[PDB]
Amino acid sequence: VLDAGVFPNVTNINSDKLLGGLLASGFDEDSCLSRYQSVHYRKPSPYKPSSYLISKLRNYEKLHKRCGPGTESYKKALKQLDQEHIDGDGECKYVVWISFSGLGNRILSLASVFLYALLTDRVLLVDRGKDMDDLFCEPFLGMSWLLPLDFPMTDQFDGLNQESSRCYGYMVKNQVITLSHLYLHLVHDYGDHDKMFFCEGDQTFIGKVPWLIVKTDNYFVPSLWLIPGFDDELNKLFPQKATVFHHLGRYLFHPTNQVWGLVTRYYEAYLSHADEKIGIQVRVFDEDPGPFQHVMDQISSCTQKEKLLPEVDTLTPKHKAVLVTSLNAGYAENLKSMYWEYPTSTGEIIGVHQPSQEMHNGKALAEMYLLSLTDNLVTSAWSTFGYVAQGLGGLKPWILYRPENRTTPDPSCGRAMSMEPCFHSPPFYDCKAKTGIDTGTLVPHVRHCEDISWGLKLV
């Protein structure tokens, strides 16, 4: 009575439950509820992953299977770490990400190192730090992405930096230069020699080294597109160039059951009956504690001038829910008051909701996910919290420009160029001519960010 055959729960591998083929089927459902449920809470993305990307991800998983932690190839590769140089090609190459910086930085920078692994046929290993395995499920079918806790160099991670004799930028400075491993300082404070990571010739050298250790707090994807060789491959992986983090972030990052219960209970209690949901991600960079009136004006001005929220009259509708995230409750409270106190000019019903005000990282992650479930999103300038949320949702946000001198900016916001995050500390260096250059004005699809003019983003 063998009837998988005639009635297989056969799955379209490009179903919306698998995000159009981005995700593999076959994971254990129970141990990561969020993985295949993103569909019950979100709308399907209009941005479809390319067949080339899908095959690249299926084949990465093959590589991760063969070379992943605890495999015999992994244990054999570890032995190269014992000597300073190697006697021939191992079968497996690695890039290890050190858990460093805030949660927004870690999501974006881990997405960047993963793209890099894809571009260099390396296996990604993840330093779990204090919490990575409490926040996120396993993303690679059949294997773990976590660095083993007995990895020999883990106790060096914290102290690795620019003057470490293994730092690639250190070696370049002191004109010293196959190595068994190499540390890449890619933290935002890195310098000219560290930035040589983004040169074609240096990547040829680095490509030979079996183990790379990366410390980074930046979304450095953009500058990868200005590297000969990588450019052709990226062009094929992402026909729509500003979908990099939308695809890789959705592929890599799935909240654990503990975090996902925060998302689903909040959505089901507070958000699920609205016809439309507006996200307002508020971040105020300022030592003083808010809330600030000029920021409240900025928010009112932005959402009303863009027709996101109705004006009120101080003198069968649709129901719109507003999800506000912020350290200070004051902005949400002010919106909540206004729409309680006065009728809307349009007749629309407006509800205002904020999850939390100042399990901390699990709530932060839940709130990024909740924002990613909204229909239209307003973000804060310079906020990686917003970049994560906009990217997971495929949302081209409206950006609340950074105020100067506590004056409401005019315009208070404007539409982003694309949904992509911003790379805050890009190199400005022409590798071929060996000279300074404006990397925001080389190619049409790499521009300076709307919100931090030094930075670069994909458009």
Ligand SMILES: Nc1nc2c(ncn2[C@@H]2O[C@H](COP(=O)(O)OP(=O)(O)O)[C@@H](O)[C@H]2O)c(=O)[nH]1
Second form
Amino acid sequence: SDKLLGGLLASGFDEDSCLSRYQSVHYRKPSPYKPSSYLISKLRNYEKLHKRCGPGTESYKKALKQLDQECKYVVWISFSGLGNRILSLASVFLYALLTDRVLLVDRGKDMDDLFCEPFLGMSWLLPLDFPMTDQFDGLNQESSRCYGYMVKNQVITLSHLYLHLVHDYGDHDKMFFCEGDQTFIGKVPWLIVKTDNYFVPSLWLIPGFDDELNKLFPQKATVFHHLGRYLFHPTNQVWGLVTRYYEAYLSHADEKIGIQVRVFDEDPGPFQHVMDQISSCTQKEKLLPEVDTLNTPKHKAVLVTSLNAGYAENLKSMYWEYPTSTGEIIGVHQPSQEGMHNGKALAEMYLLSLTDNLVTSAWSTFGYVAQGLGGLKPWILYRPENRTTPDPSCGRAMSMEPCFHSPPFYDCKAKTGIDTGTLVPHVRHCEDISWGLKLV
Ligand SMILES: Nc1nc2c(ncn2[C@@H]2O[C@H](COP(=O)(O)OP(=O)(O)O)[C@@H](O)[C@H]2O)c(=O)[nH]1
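Form deposited with ligand GDP bound, following the form deposited without ligand GDP:
Below: every chain and molecule of the assembly, starting with the one above.
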């Protein structure tokens, strides 16, 4: 039932310690995407595993002694910007599900300040004494237990491997995405991953993983919408930022439009070419109305997020200064202008996720997280060139999924390059960044 997201969440968490977990319902349209029964059982079974093998259990103490050389593990290193961390952690989780491993999370500076516990009865956090923690900063493509390094140097009983899956990775790190190397990695009890990518799409190209993924996800472009909603619930101090903003500014409207504005440029602007992009997109797509210089009205709330407030200022000044062609009543709202940090950034992604129709910015993982949690197939503001308003200014995404920006392009069987975006109908080149891949 609705608190549990059609069965995706388990009941029995203590409510006061993570209010947001089951108070989604009061702020959110129910999602039209039903998790499959298979997936539900995958998630209930994972909780069982994570309980038996989790941090602090006897089995975890037993498995830990294998670091000097019936439970296996993958560890995520807190690394990169928040949006990356969300995506990448979700990917690692899917990985864990596909390899019968326990997920442990490096809490970094902030992870448990931002997210509640997602696994009933046992913490997902990596213990603070974990032997290898001090190495995490230093782990890279040239480390001795780097899988890519070992393959390159043709080395090959491993108790642990580092898996370098950062965007800068290479031909050898990429072999992670091949069946045969998966077969070998399969036997290693401790995996340590550093990554900044939503690498989910290339898992669908790995035989055996394909069959399971088809079953878990009959609707293939719901991977981040289900797993993201399962894993990420914001803590009480983040959720207060959401509820307070939503209550004060947002909850009167017949309709909500999200506009997620990321401008990848070392000058904060604001830029007139992007202002014009945003008013062309919202108008040409009938997301917001035109204004004039000469039923009964709906109220639309425009939620703008950006580092700079100039975009929201413009929209605000336009709908203030001029009547709408439609008679519609438009209000424009932006929460911050950042130029608690991480907490505001998360809240804003969750407030985006609450909108009825979302505009995103090309290449931005902030937009990916918001679209995904909300189950929103967005309109993507294309990445400009030469400070000119792209024409067309935006277009509808193929699907609500996040883009894998740095995928491998290798046919593991033939052992030769290949464009892995043109192999199956459900894995395609991204709308924003044509190099990448996403599920459709
Ligand atoms: N609060 C807030 N922070 C933002 C916004 N846009 C960018 N940021 C900050 O800059 C970071 C951008 O990195 P990331 O989250 O990985 O997303 P990306 O760089 O757009 O792909 C965000 O996490 C925020 O800390 C915004 O609209 N609101």
